[PDB]
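Presented as C-alpha cells, the chain that follows is alone, the form deposited without its partner chain.
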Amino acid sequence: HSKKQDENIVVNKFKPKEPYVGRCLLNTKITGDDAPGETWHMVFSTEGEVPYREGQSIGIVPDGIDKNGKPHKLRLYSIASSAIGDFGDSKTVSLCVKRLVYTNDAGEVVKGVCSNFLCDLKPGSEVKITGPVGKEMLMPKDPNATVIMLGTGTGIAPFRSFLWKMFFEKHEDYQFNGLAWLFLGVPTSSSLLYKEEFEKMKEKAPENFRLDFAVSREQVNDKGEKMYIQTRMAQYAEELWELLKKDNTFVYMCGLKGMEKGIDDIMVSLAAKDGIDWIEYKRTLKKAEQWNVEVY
C-alpha cells in the first residue's frame, strides 16, 4: 500500500563482499573547461544483471588499497539513466560524477578517491558495482501526478532518469500526462548538465514539462540578488504553494547537502502568508510521501 512505483523493487542484489563486475563503455566530461570543476557522464555495461529502476543508486568499490593496507569501502551514486538505459537495451547503467579535488590547510591538493577513479576510467576497464539500492526517490505510481524536482549539481541524476522515462520512452503502462517541473541550480553556465536533453523535452511536450535553470554566478533576481535555486523558485511562490496544497503533488530534492536550508527559508515565508508553519507542515507532507529528500 504505497504511492510510489515499488511493486517488485529489487534491492541489495549484489553485495560489496562480492559485487557485479562490469565494463566501462563510455566516459565523457560534460561541463565546460571554464566551469568551477569537472563532472563526467559514464555508461557501464551490466548485461541486464543489475535490476534497477528510476530513482535508485548503485554503489561502486574503487580499485586500490587504503592508507592502512585495506581495500576501499563503497561510495553511492544516483543512477543517471532510466531503467532501459541510454542504449534502450536494458543492458547498461549510467552515472553523473563530480571530480572531487580540493586543498587542505596543510596546503596540499587533495583528490577524492572514488570520484577520480570513476572520472579516470577508460572504455573497457572493469568497475565493481553493488546494489541496486534505494526506495526513497522512486517515481509516483500515478501517471498524472505533479512531479516537482529540485536539484543542484549531480543532484540532477535521478531526475534525468525520471524524465527519460516520462518523455523519451514509450511504455505500455506509463503514459505520463501530468506536470513535471524541474529546477536546476548551478554556478556558471559551463556547469549546466544535460541541458540539450532537457530543452528537447520542453519542445517535445510544452504542455507537460516545465524547465527552470538557476545559474548563481550570472543571474540576478528582482532586487539584484544572486540566483540560487530557491531564488528562482520564489518567482513561482504562490503557484508552487498552491500546487503543494493539492494531493497529487510530489516534490523531490536531490544534490549537495547545503541546499535544504536555502529552500526551507523560502518555504517558511511562503507558508505563513497562508497562516501556516512550514516546519510542521513539512512533517505531514513527508509522512504522506510528498516531500522526498536525498541530499549528500
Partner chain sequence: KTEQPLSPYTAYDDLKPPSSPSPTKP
Contents of the next structure:
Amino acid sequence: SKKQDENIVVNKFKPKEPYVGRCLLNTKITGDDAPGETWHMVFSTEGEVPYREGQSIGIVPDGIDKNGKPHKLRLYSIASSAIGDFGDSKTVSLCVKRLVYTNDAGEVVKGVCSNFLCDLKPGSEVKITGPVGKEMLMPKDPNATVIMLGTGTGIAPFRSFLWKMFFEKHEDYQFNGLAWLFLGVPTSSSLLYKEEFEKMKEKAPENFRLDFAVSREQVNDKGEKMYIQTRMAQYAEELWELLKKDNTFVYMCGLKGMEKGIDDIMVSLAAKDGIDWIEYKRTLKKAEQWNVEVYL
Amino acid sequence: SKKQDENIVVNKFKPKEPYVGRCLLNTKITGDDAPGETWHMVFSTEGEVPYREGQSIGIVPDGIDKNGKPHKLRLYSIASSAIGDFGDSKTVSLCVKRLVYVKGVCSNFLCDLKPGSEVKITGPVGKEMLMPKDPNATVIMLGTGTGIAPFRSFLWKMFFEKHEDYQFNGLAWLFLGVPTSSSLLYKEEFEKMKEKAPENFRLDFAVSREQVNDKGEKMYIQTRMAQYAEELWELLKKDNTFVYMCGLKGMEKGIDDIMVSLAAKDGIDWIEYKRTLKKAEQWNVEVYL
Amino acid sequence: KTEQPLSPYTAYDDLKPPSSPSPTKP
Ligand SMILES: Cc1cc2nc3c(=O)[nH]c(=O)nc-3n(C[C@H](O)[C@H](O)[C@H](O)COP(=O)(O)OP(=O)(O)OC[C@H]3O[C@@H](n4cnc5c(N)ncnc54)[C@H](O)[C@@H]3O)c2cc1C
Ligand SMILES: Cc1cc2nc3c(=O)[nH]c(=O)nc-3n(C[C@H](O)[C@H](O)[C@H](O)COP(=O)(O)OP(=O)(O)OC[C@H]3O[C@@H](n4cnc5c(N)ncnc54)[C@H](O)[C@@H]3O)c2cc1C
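Take the protein just shown as the form deposited without its partner chain and give its structure as the form deposited with its partner chain bound.
Zooming out: every chain and molecule, the one shown earlier first.
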C-alpha cells in the first residue's frame, strides 16, 4: 500500500457513547490582533483512542440544541502525532479556530463547538468520538516527497505528519525524503506553530522546506496578495517537476475554497508543459497522490 | 556564594495555601523486572513556581492524617531543569519511588496520580544543591536511586538546553548506583548526553546485583568510584571541582571508606579534608529516608 | 525486542520533548 494504513481504526467511540476525556492544557496561539482566535488544546485519552497521523476526532460539545437533542458532533483534524504532544501515547491535541462572524443583518454568529472548545479550561471534560477518516493518512514510502498545502487550521494534520517525520524515533519509519510545507494565513499574528516548524528546519535543513503565505501582508513582485497559491507560483518550476514524480504525494487541508486558487495556478503550470491540469489531477487522485480535506 | 543563587526563590508557596498544579503525565521508568517501582511525573505550574536546578518542592498528599487534618508535606528533589522538560518554564517534574516498609503515604499518592488530577505543591525549597556559577567547573555527581533527580536537572541545563548566559564547558561526571539494570533511571537520556558531549561528560553506572569489581565484590557506587581513585582524587584537589551527593541516607559511609584511602596517599586526613570542601561549597550532600 | 524504556521521552530522537504543549504565539 502507498499509505500508512496498517491496522487502522475508526469509530471506536460513537456519539451515542463518547470517550470522556479531560482538558490538560488549552492555549491561544494567535496574536491578540489576529482576525480570529486559534487555540491549541491537549486532551487526556488514557490511550483509549487509537488514532494515527492524518485522522480526525469528533467532539460533541456540551449542552443541547434548539430541539432538545444533544449537539451533533463536529470533526477536528488531529494536530498531534499518534503518540501525542507528551510522547506518552496518552493524549490527543486539536488546533481550533473560534468561529465568530457578523452577517449582513448585523447579527453575530458564535459557532457552538469551536467556542466550546476554545473556552475549555484545564480539568474540564470533553466528549470525544472516533478516530475518523483515512483520506489523509501519511505515505508509507519513507523517501517520498510530501507536499503539504494548508490554510489556517488546515495546518493540523501536517503538524501531526511533521512531528512524526522530524522529531520522533521509530523502528519501522525513518523519513529521509523531502517534506515541503506551505501554510497560508491572513496575518503574521495568525501564524501557527512557527517556532515548531523552524526547529524542524534547523534539525533537517535538506529534508524540510518551509514557506508561509501571509495574504494581508506579503505580496509577490507584481504587488499581488500572497495567498498560498501565490507563494506556490514563486516555485512554479520546482513544484511542477516534483509533481511529475510517482513518489510525490500532495495533501491539501483547510477552509473550502483554498482549492480553487490552487487549481488556478496549477492549470497554468501544467499548460506551460502542454498538459491539461484537470485531467492530470484525476490521474494523481487515483494514484493516491492528490489528497484533499477541505471544510466550510 | 559560588552557586547560582541570583534572585533565588524559596517558600513562595506554603502548606497553608499550596499552589494547585495538575498532573500532565506519569510514567513508570523502572523496568517490569525491577524489584521496585519509580515513576517520572510532570505537573503544570502556569509558571507560578520559579524553581531552579537543585531545589525541591513539597507535596501535600491528598487525604487526612490520623486526626483528620491535612498530611504533612513530603519533599521531592526536582528532576527537571528550571525551564522544565517542555522548555516553557510552565512545568515541573519529579522522580518518585513507591515506598513500602505499610504503604508510604505521599510516594504512593504521587505514583497513583492520573493525568488531569490536582496536586498540592509548596516551595521551592533549598539552596544547598544549587549549581556552580562557574560554567567551566568540574561537577561530580554521586547518586543512588531517586537521588539522580537533581543531577538530571543539572545535566538537562548543561547538555539539553541552549542558554545565552550559560554554556557549560567544564567536566560533568555522573556516578549512579542502583540494584539492577532495570533500575537505571534515565539511562537513555544520559547516554544521549555522552554521545552529544563526549569530552565534557563522563558516565558510570554501578549495578550492585549484576556487577562486581576485579575482586568479586558487588558494584556499589563507591566500588565503581574506586576504579577511578587516582582521577577523582586529583580532581578533588582543584578549586573548581564541586561534588554533589544525593540519595538514600547511608550512601555516605561507603564513599568515605574509599576516600580515606585516596587522601591517605597524600598524607591528608579525608574526614577533615571533606570538611574543608564542604565549607568551601565543594561537597554538597542531600540524603534522605 | 528492544528493551523497555528507562527514560520518559525515548519516543523522540533527542530524548526530550521537541517543543512546548502550550505553543508560543507569533
Ligand atoms: C474533516 C474535517 C476536519 C476539520 N478540522 C478542523 C480543525 O482542525 N480545526 C477547526 O477549527 N475546524 C475544523 N473543522 C471545522 C469544524 O468541524 C466545525 O465545522 C467548525 O469548528 C465550526 O463549528 P461550530 O460548531 O463552532 O459552528 P456551528 O455552530 O456549527 O456553525 C457553523 C455554520 O456553518 C453554516 N452551515 C453551512 N454549512 C453547514 C454544514 N455543512 N453543517 C452545519 N452548518 C452549516 C451555518 O451558517 C452554521 O452557522 C473540520 C471539519 C471537517 C469536516
Ligand atoms: C530534600 C529531600 C529530597 C527528596 N527527594 C526525593 C525524590 O526525589 N524521590 C523520592 O522518591 N523521595 C524523595 N525524598 C523522600 C520523600 O520526602 C519521602 O520521605 C518518601 O517518598 C517517603 O514518603 P511517604 O510519604 O511515602 O512515606 P511515609 O508515609 O512518610 O512513611 C516514611 C517514614 O517512615 C519512617 N520510618 C520508619 N520506618 C521506616 C522504614 N522501614 N523505612 C524507611 N523509613 C522508615 C520515616 O520517618 C519515614 O519518613 C526526599 C526527601 C528530602 C528530605
